[PDB]
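Engineer: Single-letter residue listing:
Number of protein chains: 4
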Amino acid sequence: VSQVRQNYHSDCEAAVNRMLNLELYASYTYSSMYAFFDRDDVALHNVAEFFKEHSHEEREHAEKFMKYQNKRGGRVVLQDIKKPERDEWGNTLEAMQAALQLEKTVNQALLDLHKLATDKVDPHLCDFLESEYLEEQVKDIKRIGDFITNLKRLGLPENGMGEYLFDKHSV
Amino acid sequence: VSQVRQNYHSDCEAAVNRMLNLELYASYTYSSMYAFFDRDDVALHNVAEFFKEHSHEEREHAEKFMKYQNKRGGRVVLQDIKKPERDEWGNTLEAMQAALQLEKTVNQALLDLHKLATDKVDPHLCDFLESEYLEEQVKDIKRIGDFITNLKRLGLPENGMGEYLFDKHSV
Amino acid sequence: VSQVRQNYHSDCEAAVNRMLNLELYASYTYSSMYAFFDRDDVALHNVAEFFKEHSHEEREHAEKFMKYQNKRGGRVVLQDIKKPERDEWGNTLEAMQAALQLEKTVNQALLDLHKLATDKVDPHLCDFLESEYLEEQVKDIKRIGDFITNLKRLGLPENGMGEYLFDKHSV
Amino acid sequence: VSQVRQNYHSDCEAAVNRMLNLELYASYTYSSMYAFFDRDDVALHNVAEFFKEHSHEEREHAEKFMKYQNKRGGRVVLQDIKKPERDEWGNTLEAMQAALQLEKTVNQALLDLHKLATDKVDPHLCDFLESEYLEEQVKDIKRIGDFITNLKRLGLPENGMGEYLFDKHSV
Ligand SMILES: [Mg+2]
Ligand SMILES: [Mg+2]
Ligand SMILES: [Mg+2]
Ligand SMILES: [Mg+2]
Ligand SMILES: [Mg+2]
Ligand SMILES: [Mg+2]
Ligand SMILES: [Mg+2]
Ligand SMILES: [Mg+2]
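Residue numbers (PDB author numbering), protein chains in the order written: chain V, 1 to 171; chain F, 1 to 171; chain B, 1 to 171; chain G, 1 to 171.
Just so you know, these hints were derived from the structure itself, not from any lab. Take every hint as true, because none was put in to throw you off.
Note that identical chains are pooled: a pair holds if it fits in a single copy or bridges any two copies.
Using 25 Å as the maximum straight-line C-alpha spacing, the simulated PhoX-like pairs for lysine-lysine come out as follows:
no., residue 1, residue 2
1, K52, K64
2, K142, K152
3, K67, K152
4, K64, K120
5, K142, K120
6, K71, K52
7, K120, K139
8, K168, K139
9, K67, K168
10, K142, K168
11, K115, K71
12, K82, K67
Taking the hints into account, I'd like the entire structure generated from these sequences.
Structural biologist: Rendered as structure tokens:
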């Protein structure tokens, strides 16, 4: 074992490695959504940049976990990043709803990892999660929630003008 | 009595204390409206900030009355601030209409206090009301009136896109 | 329920709404103390501003809870803000002692809400309390404690010159 | 009559001339108080400057009335300025109490002149009084009241150290 390792449980380490991968998956899913709205037959470019920013963020989150792992004397073990669930994302409402579920999935995983850290009595990993991840996630969930509400206000599945305006005003 | 008190009628003092409380009530009602539009299922954030600004204003008005009271040798006597009449405010039109009534209620109370001050021949309280409150109130009533007219132009109870646009342009 | 809500217990939500109100009560009590020292027959103006600052702070704390609530998908439900316990606050020592009890009451309520959040396994609300409230409270309790000690050193209930000096040096 | 005169009653004019003189009297009384505290056996120099500032203010008030008079087509008629009531003013508390009475006397005279202007239906003189004099007077009465309270807190008739400190901190 690492000469640095202290109070770092094996399960925690494994869960962090798992979380890292989920982060890269989420990043990759947003990369899909970016490419979808950049398409000429979809063309909502501000929506597209919103998702591109988000893929970069989740990628930076995954790297923070890599750094974390090594700080604690754990070892990074990477797995395959699975392709996102869809190839086309429908429209802005459909994509935002997909995004809300993706963020709640990631949020749940983080809460779970927090509970594991609490059970294994690792104060440091608990703080890492609280400080770098948990508030960031409710911020993002609240923002996407707000977007879905406003997309629906604009009567989105059907109203094209509403979707166009959302691109020019909410992002 | 206060060594400072001069030409300050007992009724006026009591009415000022009453007015102070009405101001805090109005402030509290706007605080409700702020929280309502900040909700994820309501999400009109500029409307929400409009009302948040207004709660801060009515609170600053209440404090001006506290200061006034002591300047004149009167004594502040606080009462309970009653919870606002509604918990949910419907939509932007419904909330603006509620706000217009609330402002006319406050305006009426101020005009009443002015009449009392005129009857008791207190030039100083009359000027205080004229200078710090009366013009501010017709400004606000005219503004909210304008908003209601524009909300209706946007066909508001029913038109969601109209409500969204109001949030991006009128506030 | 809120599309945003995740791991947010009903009890927690209710307790947050309760805490919000306690904050507004504390704010209102300080508003009393401000008006008391601004009186011409009391006239300690720096003490008065100290309490006025504090009412603004507790009001900003209440608004943070409103924001919090909506971030988590909870719903703000406001109650009446009860008038403060006294109308006159005696002297600077008496008011500071009242303030120390008020702050320990608020502190206790916060610690309680933290225990509830820990029992319901809500890491996010726990962090919110730790980060925005708990340290702020021991800072304030320690400061008011220091003031009471110094007020007593100045032999306060009886020594008027001591009270005057406190106003010019400790605030 | 003045080609400029319009809606300016003869009584009002006479009362303004009277008020002017009262202002110069008040100014002269403060000039006494200034000279008293500048004495080597009294030596409270900040108290002395406070009163010197105040004599300059009441003199500027008298000149505003001269200007007013001519603006309205009235004619200034000056009278003798009577010497102040005392030659020595005792101590800082005694002088402040004298000052509080002097200011309430002036305040009363102004309120009276306002009532006369209201009876003669002169809106312009009423506004002049409200704008340039009435608020200034309650500000000053509240300030001197505060001083008397603090002088008494310092146990003034008897406590010399309290008087010294007041000079270094309240003015
Ligand atoms: Mg993430
Ligand atoms: Mg995220
Ligand atoms: Mg108001
Ligand atoms: Mg208003
Ligand atoms: Mg607090
Ligand atoms: Mg506090
Ligand atoms: Mg004057
Ligand atoms: Mg004056």
